[PDB]
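In structure tokens, the next block holds one chain alone, the form solved without the ligand.
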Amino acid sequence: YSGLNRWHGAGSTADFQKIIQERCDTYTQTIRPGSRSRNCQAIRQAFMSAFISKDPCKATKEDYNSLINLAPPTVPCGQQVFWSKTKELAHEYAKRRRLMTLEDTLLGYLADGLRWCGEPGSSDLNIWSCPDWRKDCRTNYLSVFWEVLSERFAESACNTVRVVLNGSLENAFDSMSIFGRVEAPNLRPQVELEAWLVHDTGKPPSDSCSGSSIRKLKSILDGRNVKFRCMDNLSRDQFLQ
């Protein structure tokens, strides 16, 4: 645990820079071409500039101001999908219904599933290791990116929003998740949130709308003046149907 290899987390996604420029081209040309052209070279440059050659445990939200202003994670009213511990299911649901998760916005699509960090006084990505959230530091560029992006995504929500939660976990709602700490607490009043608790096929559900973790969610939303409807006791096929 010295030099570039000093961190406890996996190193940066190998080939990160090429991956994000490839993804930007796919997004802007093939998947969700926009009203005006975007320059993917410039977006990639802004992404790199946010974190390259800096202390990987001193990341702040402000470091991403330029990048986020370039491509705010905006979704039409009524079409946003939040999710927690249901990644595969939530994205299948959104695809079928023509809705948008955070990973369907430009920046979310770029970064989905990747890791990155730099090193002070170096222009290269650190492929040896990167800060682990728990074992090294929470103020790292990967963690901070998702916090900032998710907050903008939440603030942006209007009309009815849906959250896909895991009915096969003890607690479907985790107050310390990004959804619980950053997204739910930043929904605007008059938003209406519908929560779906979906359990594994062939298995009995483990948490429900009347359980303790959902009471915590209900309390957040009450504070924000957000109407809440909770649906549970269903599996993947019924949910997707």
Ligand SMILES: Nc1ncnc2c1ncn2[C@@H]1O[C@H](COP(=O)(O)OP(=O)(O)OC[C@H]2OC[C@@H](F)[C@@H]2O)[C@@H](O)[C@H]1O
Given for the second form:
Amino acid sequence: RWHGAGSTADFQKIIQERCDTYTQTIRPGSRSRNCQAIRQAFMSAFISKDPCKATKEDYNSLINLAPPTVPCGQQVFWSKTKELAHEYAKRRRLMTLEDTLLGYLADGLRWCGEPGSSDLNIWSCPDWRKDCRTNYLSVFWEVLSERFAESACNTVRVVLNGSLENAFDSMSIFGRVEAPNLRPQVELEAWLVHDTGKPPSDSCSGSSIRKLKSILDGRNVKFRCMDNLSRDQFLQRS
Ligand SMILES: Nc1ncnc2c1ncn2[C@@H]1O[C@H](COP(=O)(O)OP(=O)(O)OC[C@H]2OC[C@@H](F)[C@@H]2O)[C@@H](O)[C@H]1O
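Now that we've seen the form solved without the ligand, could you pull up the form solved in complex with the ligand?
Expanding to the full complex; the earlier chain stays at the top.
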């Protein structure tokens, strides 16, 4: 029926296996979490529901079992720079949304259900643009990101793309959901990083970054911006 690719095959085995791996081998030590119950709640959030009627409220319980909250001073946001941001985070022992329990579970997966069926639709899922924005995949990421930003604390960093005309996209999840919900009085450092072998098309002085400074002022978040750095200069030396 839908225009988007179907659900990841064996989605529920994957999220349970990743849950075991994460809670036991990647980030253990804190409180215990039951991975069976986390998988059950994840599945119950969307399974057998209208795939284009997802609400943020459908995920409150799942998120409550494992909020996406990162230790003070270790949190990293990104926008149009996913792989660079993850390399940077890994090197510096920081955490992106993909390094939280739920983000780790969901990273790179697709899922949707179908009314009157207990199973995932593995043939097609709603596309955000061609079908509906109110789909379980897109809504999960928006609500998880919101909670991610609300829990941020002390210094947080963001990696943005200085090779685009607008390194800050106000219609992005970083622009629309994360920056505007960022816990007040944290401090944000932005790095605008450009493709090796190309001059940067955006800077800290550009229009888009001015919009971001405006948002951060309203949250009483201090802002430091660095730019004109190649991926190599940025990584080799932030
Ligand atoms: N871990 C993920 N795995 C798969 N898809 C994801 C993931 N995280 C987000 N998406 C989706 O892919 C899309 C990415 O769109 P960009 O324009 O490159 O960047 P932003 O929108 O700013 O999202 C990134 C920030 O917000 C949350 C934090 F992770 C980041 O700081 C997005 O719409 C999501 O539906």
